[PDB]
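Asks: In case you want the letters, here they are:
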Amino acid sequence: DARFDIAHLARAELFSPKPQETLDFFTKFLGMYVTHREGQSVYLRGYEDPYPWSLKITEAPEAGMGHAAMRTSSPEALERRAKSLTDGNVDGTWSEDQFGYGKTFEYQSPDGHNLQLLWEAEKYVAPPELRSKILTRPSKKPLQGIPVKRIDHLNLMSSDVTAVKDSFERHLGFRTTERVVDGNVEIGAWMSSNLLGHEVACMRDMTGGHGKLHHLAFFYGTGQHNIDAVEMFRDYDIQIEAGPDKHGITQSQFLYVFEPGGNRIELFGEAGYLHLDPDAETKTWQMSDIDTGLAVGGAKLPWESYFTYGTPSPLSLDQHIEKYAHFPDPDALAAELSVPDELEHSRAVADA
Amino acid sequence: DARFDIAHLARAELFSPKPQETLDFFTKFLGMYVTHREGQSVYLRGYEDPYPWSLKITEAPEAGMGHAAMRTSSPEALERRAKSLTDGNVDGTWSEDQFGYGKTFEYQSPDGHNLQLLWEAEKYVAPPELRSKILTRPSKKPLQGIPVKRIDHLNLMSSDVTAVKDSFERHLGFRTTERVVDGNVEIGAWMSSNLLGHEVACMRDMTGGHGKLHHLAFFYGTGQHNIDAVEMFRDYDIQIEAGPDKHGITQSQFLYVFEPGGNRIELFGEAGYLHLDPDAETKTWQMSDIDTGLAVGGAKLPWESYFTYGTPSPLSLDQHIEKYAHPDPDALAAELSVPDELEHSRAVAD
Amino acid sequence: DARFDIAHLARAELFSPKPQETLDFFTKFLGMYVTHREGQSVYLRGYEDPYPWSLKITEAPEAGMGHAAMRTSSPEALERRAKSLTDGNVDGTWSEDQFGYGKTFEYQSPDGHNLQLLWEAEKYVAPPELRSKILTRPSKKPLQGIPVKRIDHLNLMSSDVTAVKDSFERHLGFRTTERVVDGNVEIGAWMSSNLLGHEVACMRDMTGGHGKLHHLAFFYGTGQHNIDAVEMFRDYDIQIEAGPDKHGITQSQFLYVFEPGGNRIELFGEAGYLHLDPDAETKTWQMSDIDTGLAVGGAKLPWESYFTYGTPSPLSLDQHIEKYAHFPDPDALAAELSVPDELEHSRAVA
Amino acid sequence: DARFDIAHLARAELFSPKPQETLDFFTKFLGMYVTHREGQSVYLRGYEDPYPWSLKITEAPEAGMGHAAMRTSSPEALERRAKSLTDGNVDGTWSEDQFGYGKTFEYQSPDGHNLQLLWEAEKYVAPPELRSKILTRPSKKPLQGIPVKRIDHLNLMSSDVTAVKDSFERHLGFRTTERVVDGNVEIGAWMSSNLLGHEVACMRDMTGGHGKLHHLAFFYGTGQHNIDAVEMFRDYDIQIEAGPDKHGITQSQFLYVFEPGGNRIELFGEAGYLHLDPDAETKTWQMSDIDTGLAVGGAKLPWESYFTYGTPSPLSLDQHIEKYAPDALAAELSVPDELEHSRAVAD
Ligand SMILES: CCc1ccc(O)c(O)c1
Ligand SMILES: CCc1ccc(O)c(O)c1
Ligand SMILES: CCc1ccc(O)c(O)c1
Ligand SMILES: CCc1ccc(O)c(O)c1
Ligand SMILES: [Ca+2]
Ligand SMILES: [Ca+2]
Ligand SMILES: [Ca+2]
Ligand SMILES: [Ca+2]
Ligand SMILES: [Ca+2]
Ligand SMILES: [Ca+2]
Ligand SMILES: [Fe+3]
Ligand SMILES: [Fe+3]
Ligand SMILES: [Fe+3]
Ligand SMILES: [Fe+3]
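Here the protein sequences come in this chain order: A, B, C and D. All letters in the first sequence, in the order written, are residues 161 to 512 by my numbering. All letters in the second sequence, in the order written, are residues 3 to 352 by my numbering. All letters in the third sequence, in the order written, are residues 6 to 355 by my numbering. All letters in the fourth sequence, in the order written, are residues 424 to 770 by my numbering.
Covered by chain D, per the in silico footprint, the following chain B stretches (three or more residues, Cβ under 8 Å):
1. 137 to 148
2. 186 to 200
3. 217 to 228
List time: in silico DSBU-like cross-link candidates among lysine-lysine, alpha-carbon distance up to 35 Å:
4. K188(A) <-> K441(D)
5. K146(C) <-> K108(C)
6. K105(B) <-> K125(B)
7. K135(B) <-> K105(B)
8. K293(A) <-> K441(D)
9. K746(D) <-> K135(B)
10. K556(D) <-> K178(A)
11. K105(B) <-> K20(B)
12. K178(A) <-> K483(A)
13. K20(B) <-> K30(B)
14. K451(D) <-> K178(A)
15. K301(A) <-> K283(A)
16. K483(A) <-> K556(D)
17. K143(B) <-> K33(C)
18. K146(C) <-> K30(B)
19. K526(D) <-> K451(D)
20. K301(A) <-> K146(C)
21. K263(A) <-> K283(A)
22. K293(A) <-> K564(D)
23. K526(D) <-> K441(D)
24. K325(B) <-> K556(D)
25. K85(B) <-> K105(B)
26. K178(A) <-> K283(A)
27. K88(C) <-> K243(A)
28. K451(D) <-> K283(A)
29. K178(A) <-> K301(A)
30. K33(C) <-> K30(B)
31. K33(C) <-> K108(C)
32. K143(B) <-> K564(D)
Quick caveat, the hints were computed from the structure, so don't treat them as lab data. All C-beta atoms, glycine included, are put in the ideal place defined by N, C-alpha and C.
Can you make the complete structure from the sequences, with help from the hints?
Replies: Here is the structure:
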């Protein structure tokens with residue numbers, strides 16, 4: 161019974177070709193605290209992240225995810241999960257080289273995403289002047305930007321959603337709370353080891369790419385903060401993809417923006433739907449279900465980015481939107497033909 | 003100085019070919035109180051509308067606005083406004099035939115919209131069991147749907163925005179707070195006689211049509227109520243056009259839906275930007291300004307309805323969206339008349 | 006490792022001497038669905054409660070909690086927890102007499118609270134016309150009142166908080182996320198088996214009573230809905246105890262009211278602080294810590310009800326408030342002397 | 424017909440004996456822009472204040488209101504209002520000595536409050552990098568604190584509420600939208616020249632004092648910003664008096680705090696009830712009406728500060744709360760018990 165072996169998503173690393181601008185996004189707009197700098201990397205936490213960092217920004221020639229690490233529910237759970245992966249012929253490596261954390265198992269998803277498992281995590285203790293009167297809160301909410309509380313979840317792009325889902329289910333004990341299917345093909349899976357709808361999702365890469373990041377998400381817990389965040393991004397020249405609105409899938413209040421390095425960042429409002437029922441069936445969204453899945457309100461997710469752009473991208477975001485909006489390309493048409501039309505021409509999709 | 007002669011938008015009448023479904027939308031979803039029924043009409047108010055009705059639903063073979071009435075700030079202001087219109091060769095009629103109101107001056111905008119001015123308005127008094135402990139609140143907030151407080155504003159579609167704007171400015175003393183221009187052509191004007199951004203707007207009908215209703219708006223004052231409303235509309239099968247989001251123009255939180263009779267209804271969240279500065283210049287939105295004007299967030303206003311559909315429509319809403327989403331030489335004529343920064347804005351979906 | 010054996014709080018039963026008024030509170034104000042009636046009981050769920058009921062209202066001569074049931078994470082977990090309790094000399098009984106559920110283990114807390122454990126629970130299926138387009142949502146959000154999504158948590162009053170806490174920790178595998186201490190005495194414990202701050206809390210009965218209910222809580226997930234709920238309760242004559250505000254303890258947005266039968270009901274806004282860190286130390290609130298624990302904002306929790314009234318009460322709520330506000334009683338003064346003054350004269354207490 | 428002669432509340436000046444801490448409160452917590460410094464004063468605006476300042480912070484030995492200025496609807500309206508006041512034997516002064524503004528009429532309320540009228544007001548224009556894409560918004564919302572949009576309203580404490588009300592009604596053309604009465608005594612009056620419930624209120628000073636400031640208020644327009652603001656104030660050691668909640672009177676979402684200099688500041692959420700009906704009767708709140716007037720929710724307004732403390736105060740805030748938790752008893756006997764022992768009052 162692996163169900164309870166993974167506790168939560170501890171941290172993630174973003175690659176940025178504009179590391180200072182990425183850093184300024186996370187500090188000046190999202191009010192994250194800087195806890196460490198070393199080499200070409202800067203380490204940040206939200207004010208309610210429990211460990212010394214949840215986000216690592218690393219200078220790189222391209223955008224994308226350096227890794228994501230999940231924290232286990234015990235040291236024994238870490239041994240059981242690492243052994244399951246090894247016995248499943250997954251190549252792993254043991255490391256202990258990150259500030260604030262100990263012994264870490266590194267491996268790749270079936271599509272090449274860098275994933276990590278750990279137990280050993282230091283509990284962040286604030287300097288006295290940053291301690292909160294709220295005792296569950298390890299540091300005061302900053303006075304900068306619209307500050308995020310913590311990391312929320314990860315959305316991976318895969319050439320094969322089922323292979324990534326089966327890895328999380330079989331080796332990590334995750335359940336799939338919700339998925340989107342087109343005939344017999346899984347094009348999205350939302351997975352969790354706890355009450356959350358998901359901490360890890362996987363969506364089909366319609367461009368044939370491998371091992372990409374769709375988005376990293378941070379948590380506000382309040383829908384208004386997405387309204388405040390989008391008004392900030394609009395007036396301070398950050399590109400907005402879609403939202404604020406509410407996904408039918410997970411019932412999460414969402415806002416998607418592009419940080420200056422080109423990674424897609426999601427801001428999450430109200431937690432939404434907690435999976436208290438311990439043996440709920442997977443909810444499967446068909447193409448007849450699909451419209452509400454994307455957005456309860458009037459929001460339209462752009463075809464030319466949402467369904468096709470992740471990081472690293474062989475094209476700039478501008479070049480990507482150009483190509484997939486046809487500003488035809490055989491690649492763009494291949495993507496269009498692989499996607500079912502109820503999804504492609506949904507009232508919750510706009511095609512530039 | 004006509005600046006202060008119009009107090010507010012008192013009421014509007016919608017025509018509906020599905021009058022019971024229209025009624026059910028306003029009572030079951032928007033929790034409006036029914037205060038009267040007469041002939042082919044039902045009369046409603048939101049719980050903070052001050053007079054016995056703000057909304058009249060009238061059975062008709064087509065959708066659209068039967069009329070809108072503005073209340074003046076005094077009986078003398080009513081005489082001054084009616085005289086200004088008469089002296090400007092606007093042909094008006096005096097009537098006194100509506101429940102809850104008295105003497106009314108009826109006239110047409112330059113584009114044929116049925117407009118009215120009145121002073122005499124009964125103050126709604128609730129039955130004892132519906133009185134509020136909040137003394138400015140004339141009736142308890144209902145326990146039905148996501149209830150609207152009151153009427154908010156009117157958006158008129160016109161072949162000629164400037165002619166409609168000039169009428170409100172010159173004859174009613176309105177100021178234009180904000181407008182959208184493309185070269186020398188005004189494609190929208192937002193007009194007010196008070197601190198509100200607007201109680202009356204006028205937007206260019208890009209199909210060349212005349213005298214249509216773009217939308218009637220009702221007020222919540224809370225952005226969350228647009229979120230609650232859109233979830234209600236989504237799960238109870240009302241068509242949603244755009245929002246919830248926030249218009250840069252007026253800084254209003256908006257949600258646009260179609261009531262079953264085909265009229266566009268807007269739900270307004272937070273009041274937004276109050277015009278306290280008594281001599282602010284008109285803010286002119288160009289096509290370089292335009293994206294934020296439509297929506298601060300990621301909302302996309304559909305080309306195929308928002309810019310082209312109003313009531314009455316020579317086409318059904320489904321037939322309209324079919325035609326303007328495609329080609330039709332009429333749809334292409336509309337596309338060529340609209341500037342591309344507006345047409346291909348990141349705040350427009352085709 | 007019992008940590009993961011309990012999944013969540015499935016349901017609770019309230020006793021009411023005004024059963025029809027209690028039912029009207031939960032249906033007309035809180036928009037709960039009625040799924041079953043049997044004997045002198047009615048069974049209700051919120052629109053996102055997974056089983057056919059989360060709330061049972063039972064006619065009785067006094068208010069209070071008939072029982073609360075927790076659902077296990079497997080059938081094996083139910084056998085393990087029942088065996089732990091039996092091996093600990095706790096008297097249990099096996100039953101299967103409730104609509105929508107199967108085999109149930111009934112036992113009493115160390116202070117006499119009726120607690121139950123079960124695995125077998127039917128999944129509620131709505132009639133076709135009440136199914137949601139939101140596939141995690143088993144039934145549409147109703148158009149009545151400010152509807153609650155689901156049951157949230159339980160707050161038990163005990164003569165001995167530690168005895169109740171040790172039962173949940175040792176027999177059910179709960180962790181204590183937060184607690185309030187006065188010297189060496191635990192006067193509150195907040196306990197969870199999952200990411201929630203708590204599904205079960207226990208607070209010290211300062212009157213020397215045993216086995217009472219402090220409150221049952223339902224979930225909105227949205228702070229505005231506590232604002233909407235309190236405005237509804239205010240204008241429709243429900244007694245409001247405190248809030249809306251936010252507890253420092255759990256970081257939960259709260260509103261406390263009394264349902265007409267005399268039970269204290271809490272409405273919860275935003276989920277607040279999720280316990281993602283699997284081995285966080287218990288956070289201990291002292292009397293120097295205390296003010297923020299009660300309320301982040303300006304809310305004052307009334308001494309004369311919050312700290313002293315639970316159900317069943319030897320007095321009516323009005324008689325209770327009379328006695329503990331001294332409208333002195335040696336019993337009221339005994340309660341005052343047992344409570345530390347930092348708690349009693351906190352800026353978060355009136 | 425003076426009804427339309429006053430447009431809005433342009434600005435106010437606060438006195439502070441802790442001028443730097445007061446400044447830090449308005450910049451670090453409330454995100455106000457500093458536009459000028461001169462002598463012992465600093466000038467600030469919210470990002471949607473139309474003129475170069477709405478707030479002036481002035482070093483002084485005691486807290487309180489230096490002045491409040493209302494903007495008229497025309498230059499002629501300024502001449503008419505000034506003439507009405509002088510014809511009523513009110514002592515007025517003409518001045519033109521403030522940054523961002525021109526010709527000003529200064530006078531005192533019947534109770535000694537420093538009030539001003541002006542027409543001439545410069546329109547603030549942001550530097551290019553601070554201009555908003557929202558064209559009605561003259562400067563970007565700052566990235567600092569929970570920033571206020573603009574000044575909202577003023578609440579004056581008076582030994583005689585009726586005398587202050589009569590001045591605003593008869594000389595400035597304000598209407599009283601709502602008031603609280605006890606028998607034939609006005610305990611509160613909420614006054615407006617526009618759709619707002621009020622831009623000026625006056626409440627009875629139960630201590631027998633004269634000419635005090637109860638509070639100055641700033642606008643968010645969003646209830647959540649009061650929630651965000653109170654959490655900020657709680658964790659950064661600002662004293663919170665009451666709220667967040669909603670006043671039945673005006674239907675305004677409110678939060679009351681003390682800035683470090685001792686002045687009471689109110690943060691306003693949703694605008695609430697707009698007075699569109701041009702000839703609504705004044706709504707009179709009795710002592711049977713009273714509970715909802717104070718707070719729709721569970722909020723309790725503290726007797727020991729809310730009903731008795733204003734600036735300048737002969738006592739520190741701490742000394743005031745100490746005393747009001749013969750003078751305290753005189754205050755208690757003058758206040759009717761339905762107000763004093765309301766479920767919306769804490770002692
Ligand atoms: C399209 C549905 C969905 C749901 C939850 C997410 O966090 C997300 O990015 C997308
Ligand atoms: C397109 C800008 C705009 C602004 C305010 C409105 O009420 C509206 O309907 C439209
Ligand atoms: C006194 C702190 C507290 C915290 C959370 C609750 O749900 C509650 O009822 C009380
Ligand atoms: C006590 C009622 C009330 C109403 C509006 C306010 O601005 C205020 O400060 C007080
Ligand atoms: Ca296709
Ligand atoms: Ca064009
Ligand atoms: Ca039974
Ligand atoms: Ca004591
Ligand atoms: Ca003089
Ligand atoms: Ca008294
Ligand atoms: Fe996501
Ligand atoms: Fe509108
Ligand atoms: Fe509780
Ligand atoms: Fe105020």
